[PDB]
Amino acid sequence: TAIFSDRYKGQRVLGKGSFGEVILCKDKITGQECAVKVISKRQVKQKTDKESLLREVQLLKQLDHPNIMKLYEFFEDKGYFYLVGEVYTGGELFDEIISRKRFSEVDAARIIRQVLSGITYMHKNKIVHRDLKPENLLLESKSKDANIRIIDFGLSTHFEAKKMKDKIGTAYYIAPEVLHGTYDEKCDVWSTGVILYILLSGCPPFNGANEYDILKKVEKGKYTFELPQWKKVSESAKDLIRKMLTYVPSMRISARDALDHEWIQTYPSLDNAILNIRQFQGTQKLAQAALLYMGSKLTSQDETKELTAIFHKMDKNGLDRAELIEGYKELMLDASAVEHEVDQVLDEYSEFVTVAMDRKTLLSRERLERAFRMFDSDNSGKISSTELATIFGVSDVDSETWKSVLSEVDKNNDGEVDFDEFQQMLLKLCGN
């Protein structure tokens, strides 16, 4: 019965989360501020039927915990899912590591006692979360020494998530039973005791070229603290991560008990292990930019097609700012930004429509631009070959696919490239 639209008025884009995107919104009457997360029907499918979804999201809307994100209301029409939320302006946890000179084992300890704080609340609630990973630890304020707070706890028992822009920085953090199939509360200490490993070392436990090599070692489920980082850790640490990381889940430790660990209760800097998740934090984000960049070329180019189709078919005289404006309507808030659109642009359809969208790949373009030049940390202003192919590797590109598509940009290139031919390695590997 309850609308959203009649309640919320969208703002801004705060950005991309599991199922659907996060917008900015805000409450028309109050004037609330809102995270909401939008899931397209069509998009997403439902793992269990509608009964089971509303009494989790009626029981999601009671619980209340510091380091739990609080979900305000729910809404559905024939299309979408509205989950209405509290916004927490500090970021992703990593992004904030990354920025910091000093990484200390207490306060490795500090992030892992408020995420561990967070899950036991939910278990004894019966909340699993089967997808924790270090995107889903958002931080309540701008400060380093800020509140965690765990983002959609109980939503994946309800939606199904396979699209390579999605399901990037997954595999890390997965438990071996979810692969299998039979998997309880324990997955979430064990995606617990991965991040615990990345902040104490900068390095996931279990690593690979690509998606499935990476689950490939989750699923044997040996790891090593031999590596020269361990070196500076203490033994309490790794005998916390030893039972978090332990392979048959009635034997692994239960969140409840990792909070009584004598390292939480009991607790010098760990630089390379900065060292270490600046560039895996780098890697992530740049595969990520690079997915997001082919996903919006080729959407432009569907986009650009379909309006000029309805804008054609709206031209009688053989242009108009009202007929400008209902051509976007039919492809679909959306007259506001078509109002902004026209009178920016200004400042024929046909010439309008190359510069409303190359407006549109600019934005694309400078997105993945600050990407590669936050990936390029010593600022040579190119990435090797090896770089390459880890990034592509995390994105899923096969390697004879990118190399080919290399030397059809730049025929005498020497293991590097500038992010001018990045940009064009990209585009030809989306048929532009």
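Numbering follows the first chain given and starts at 1. Whichever C-alpha set is largest while still superposing within 1.5 Å between the two forms counts as the rigid core. What changes on going to the form deposited in another entry:
With the core fitted between the two forms, just one of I214, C203, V342, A109 shows a Cα displacement of at least 2 Å, namely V342.
Once the cores line up, the CA of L259 ends up less than 2 angstroms apart between the two forms.
For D358, a C-alpha deviation of 2 angstroms or more is recorded between the two forms after rigid-core alignment.
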Given for the second form:
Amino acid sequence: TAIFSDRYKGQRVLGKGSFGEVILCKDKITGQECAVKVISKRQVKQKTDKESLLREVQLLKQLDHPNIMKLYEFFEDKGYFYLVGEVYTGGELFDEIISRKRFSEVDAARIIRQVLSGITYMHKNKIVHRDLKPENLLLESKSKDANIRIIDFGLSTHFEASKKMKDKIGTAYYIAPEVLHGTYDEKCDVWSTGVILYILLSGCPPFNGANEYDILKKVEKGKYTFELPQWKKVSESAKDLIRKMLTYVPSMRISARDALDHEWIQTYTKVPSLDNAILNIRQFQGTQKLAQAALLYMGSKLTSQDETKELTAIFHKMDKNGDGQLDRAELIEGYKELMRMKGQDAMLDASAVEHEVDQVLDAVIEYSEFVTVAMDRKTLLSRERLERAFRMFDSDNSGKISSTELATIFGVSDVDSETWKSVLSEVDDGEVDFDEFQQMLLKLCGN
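Compare with the form deposited in one PDB entry: the form deposited in another entry:
Only one chain is given; partner chains and other molecules are left out.
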């Protein structure tokens, strides 16, 4: 079997996916850039056997559609699966919609026509997504209007979904009811697209709640309404397509193919701006991103504390003199031992570790000072994301967030109401600043 590291080298971390981290890699010969999703075998269980996974991979490598991410290669070692595909720099669909000033049904129809084209094509080839959500809709290029590429098509069938809340943020809104009860088919992707279409034209999820379970209850009942002021300026054909896409019984629900032939798609692809919808998508995107940043900040604080004591124990055993000092070569041997114990970090090969240790050695010799800098390079990346997400959420630049906004944020993060309210009283008038918010998250993860 071919080795991944011998062909590719890690350049930069693009982001965190559903089943693992996504790394920007470069071919060592041709120089071609690629986005590699690294799935850890220990953190992700396989729903299918080895031969069923290789057959789907082989089929996915031969598929080609302008609204589907291209899977180029597939590698596997003792503890990881590497899914190598094309790179896209346009960002997530909803991040582009919150930046523009005007957004109409013509833009919404042009978006959904692309999503339905990719889905129709993948359904004809017997591939189901199941976890279709705005985060999986990436724009091919950095433009106001760009080509949409759907990511992670077919992975759900072969990999078990994470139970960790940091990986489940913004999934409950889009999941089809039949997926929750076990019996589902490709029609679950039409439902998910119907939910995204509902959010594009109103900025509010059709099935909403104060927490993950309340949302899943609404989805399971399957009842929703077009009873919000913003729906008065939307066409009846757009409402008709949503009704056909959000039909409870999958056999009665419209197909992805028939959804392209619908009057709304045919009329609006061949109109007033929805201002209320843009404001609500801005608020929605800002709320989802602060909740994720909060969960990733708490996770990074626990991860750094685990690695701080582990790396201190590794350096203490290597220190023979007991003076507390080590050589540059010894620090590398200890850092390589940390990845040898917890597994390869998504730090692909030994060359990335020597440079990562050199970057710390240049900044910071006592190994106590090296431990602080080495570990702060991981925490300050998540803390900068937290402050940036807080600043973005704080759209009126008041410097604070209300108690109602905290309840909404902690609701999306799935932190019980009595737990955060108690933690606020320990640190701190119905509102908190960034430092107070950060202090609440630290107290919510044993600090």
